[PDB]
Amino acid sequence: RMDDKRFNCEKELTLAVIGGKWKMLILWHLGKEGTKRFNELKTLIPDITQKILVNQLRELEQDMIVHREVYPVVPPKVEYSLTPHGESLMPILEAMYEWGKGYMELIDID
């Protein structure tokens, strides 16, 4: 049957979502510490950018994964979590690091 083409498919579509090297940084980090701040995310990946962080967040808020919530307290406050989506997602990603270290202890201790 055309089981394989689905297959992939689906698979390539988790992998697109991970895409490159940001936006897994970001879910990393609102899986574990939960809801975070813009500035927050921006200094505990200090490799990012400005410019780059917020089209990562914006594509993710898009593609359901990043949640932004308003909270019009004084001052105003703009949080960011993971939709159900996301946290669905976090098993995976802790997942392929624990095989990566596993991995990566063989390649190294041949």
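Numbering follows the first chain given and starts at 1. Note that the rigid core is defined as the largest set of C-alphas that superpose within 1.5 Å between two forms. Compared with the form deposited in another entry:
- Candidate set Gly34, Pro46, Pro84, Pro76; criterion, C-alpha shift of 2 Å or more between the two forms after rigid-core fit; matching residue, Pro76.
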The other form holds:
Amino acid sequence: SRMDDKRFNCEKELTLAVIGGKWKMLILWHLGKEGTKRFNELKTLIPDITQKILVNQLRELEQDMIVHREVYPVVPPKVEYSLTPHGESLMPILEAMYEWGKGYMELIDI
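Next block, the form deposited in another entry, ref. the form deposited in one PDB entry:
Next comes a single chain, given without company.
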């Protein structure tokens, strides 16, 4: 696994290691609330990300068994990304963080 080397003082740090990476929560959000997307579709939904980084974050999310990757032997190539059942289990946490973020922004910019 990715986290075989790491030493944690809490299982929460492990969750953070799965979703903490720079763009991962944005990726997981789009896949969990819009279903399956091909690579170039994710890249258009996330314009500021570079190609090497988008694939890297997707690969780490796949090694963590959070994201499923499906390659089809077609021309032009076709690769689909979607959430695994464990990825789906991460959605309640992501939603909680979305609502907490909205509530936090209210109080700091008034």
